[PDB]
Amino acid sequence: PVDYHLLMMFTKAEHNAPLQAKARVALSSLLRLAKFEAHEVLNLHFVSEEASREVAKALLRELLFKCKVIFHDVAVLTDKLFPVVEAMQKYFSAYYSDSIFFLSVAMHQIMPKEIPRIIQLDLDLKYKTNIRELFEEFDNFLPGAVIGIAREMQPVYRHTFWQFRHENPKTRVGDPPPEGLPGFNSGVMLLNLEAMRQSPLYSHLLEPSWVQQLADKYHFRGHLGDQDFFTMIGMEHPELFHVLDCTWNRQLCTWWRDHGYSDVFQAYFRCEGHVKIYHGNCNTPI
């Protein structure tokens, strides 16, 4: 038997209508289009407090190869995360309870060695293809690449990295694809836990003095959590990241097009190809 691990954040879902409506679109399309071989099993990890754990379990009964549904206690993971992720919530969430928004950063240390690879996924997603096909992207990783991630399709990191770009007008940091580095979107993340444990460079980038060192270089104080950490790391060391094709995460949010970046927005938003996963980020319908 071969295991395939998926992780989803499912917090504060109790009496939350828009979140439950999102999860219905996400989990339905995921399971309706999923097709695995008889010998292999799909594992669905959810991190939820006692309240939302009920909401999830009740929703999966309507929708359910073997597929094990695992539930992770929010507090247990938060308590485990905090001593490892404290030095970077003052930089990427510029207090204790908000350590769970950095789960992806230290997924390898939180998850058991029994699990080699996991895909963290948002709930504002729609799945247009089979999810087993995404796992194939792990094979396209270079040795020394730890994370699989799609690029950010909004000029978010123009404004975020403003001061660095003001000092380095030639830089690619914040520039649109393909020549520039637009940053990453954390909606769909292929986390190679095995590679994350084995990489000395990644092990050191998680250390306090290293986070500080690099954040000060870019004058970085963000608000996007784990996404900001990966994005900043991807500026110094882009070779740690296997950049997914945009079709794996076509983000639909057009906010910045109407709030400051009308001119350059398209260079970031552009994505030609048959969509495999839609990400209705910022409450955008699909």
Contents of the next structure:
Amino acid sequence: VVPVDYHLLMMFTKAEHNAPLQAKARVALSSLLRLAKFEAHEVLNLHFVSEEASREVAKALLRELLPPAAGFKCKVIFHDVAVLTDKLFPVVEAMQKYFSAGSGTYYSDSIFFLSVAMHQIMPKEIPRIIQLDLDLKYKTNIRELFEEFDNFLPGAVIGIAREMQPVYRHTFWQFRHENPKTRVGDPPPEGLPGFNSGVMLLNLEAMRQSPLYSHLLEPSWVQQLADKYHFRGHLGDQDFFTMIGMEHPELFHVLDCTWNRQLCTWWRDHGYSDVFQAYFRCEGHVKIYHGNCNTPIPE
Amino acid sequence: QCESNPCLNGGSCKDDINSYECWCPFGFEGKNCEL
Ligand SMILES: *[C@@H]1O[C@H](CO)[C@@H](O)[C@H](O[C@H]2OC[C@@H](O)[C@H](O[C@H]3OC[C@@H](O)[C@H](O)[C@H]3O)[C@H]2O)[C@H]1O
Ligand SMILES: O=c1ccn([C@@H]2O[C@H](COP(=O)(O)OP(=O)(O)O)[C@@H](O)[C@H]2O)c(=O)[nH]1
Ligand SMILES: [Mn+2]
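Output the form deposited with uridine-5'-diphosphate bound next; the form solved without uridine-5'-diphosphate has already been displayed.
Starting with the chain above, the whole complex follows.
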């Protein structure tokens, strides 16, 4: 049989003596594994980006959860955060000053841009990968997320869900001020509210093969757009994709909100009471809950 | 990480060193838009 691989990637760093993080990881990975089903020739590859202490923590957690109930083949892979940081830095350096807390350009922030250059980091034998936060709870078979790759229109390189708070309405304030009629930062269904990075379908082939996407990674393109949008953030990859998503929405297959149902309401209580609801509304059968900003996930 | 700057101007992080003023989203007041 022709073995078929599926690839997931999760950041899992600074996890020793971080019980809140370990408990989140535990909820995410047990729900993922309990509900996953794959055909006999298929293998689920779980990539973790970790320094050595967190690798040990993850191995202890994983042994308790593997092999999975459903009995399919599963392979665990660790990537050294230090090695990845050095590979990312040349590509990612020029964007750091716009999207990291706060300035300027520190190695410690480089790893938060991993997804933007994932196609240069993962070996060519990996054509596609799904990057996932560890503060998720899976309500369906993760295998189903992979069929969304099929719905990418020509030119789209990444699948990503909208941001469900008005954080980008706030971030794009000046651009919105100077452009009253803009959709930039407005709520759906017709506004561009920006993106959330908790669930991302990184089509590595399409990223590698896009002239547009490659250009946007260039220092001078990053700088021109950040200037145009007066953009400053501290959320890393999420901010960069949000920004280039304003200029080039063709690059992104927008996932339905049910694939990344964000629970965080921090922005509601910081100046956005009125409009908050229009950003936060998500209806349909939930597939993944995302307990962002440390928000308890319900049961 | 850093805490988001509740001000409309300046950096992404609250108490941005290069920021002197704080423009608060409508309905809030203070040096951190508290009230
Ligand atoms: C402003 O500061 C506050 C206090 O620190 C944060 O809670 C806010 O961030 C929350 O609201 C906006 C969300 O976009 C954010 O969630 C994202 O965090 C960055 C990504 O790594 C992650 O996957 C995504 O969920 C959430 O924590 C901040 O705007
Ligand atoms: O110390 C940390 C902080 C974050 N993360 C990873 O990066 C994500 C970023 O923050 P988190 O999801 O905890 O909060 P959110 O960013 O969703 O508000 C987490 O899900 C983890 O996968 C990590 O490995 N170690
Ligand atoms: Mn998260």
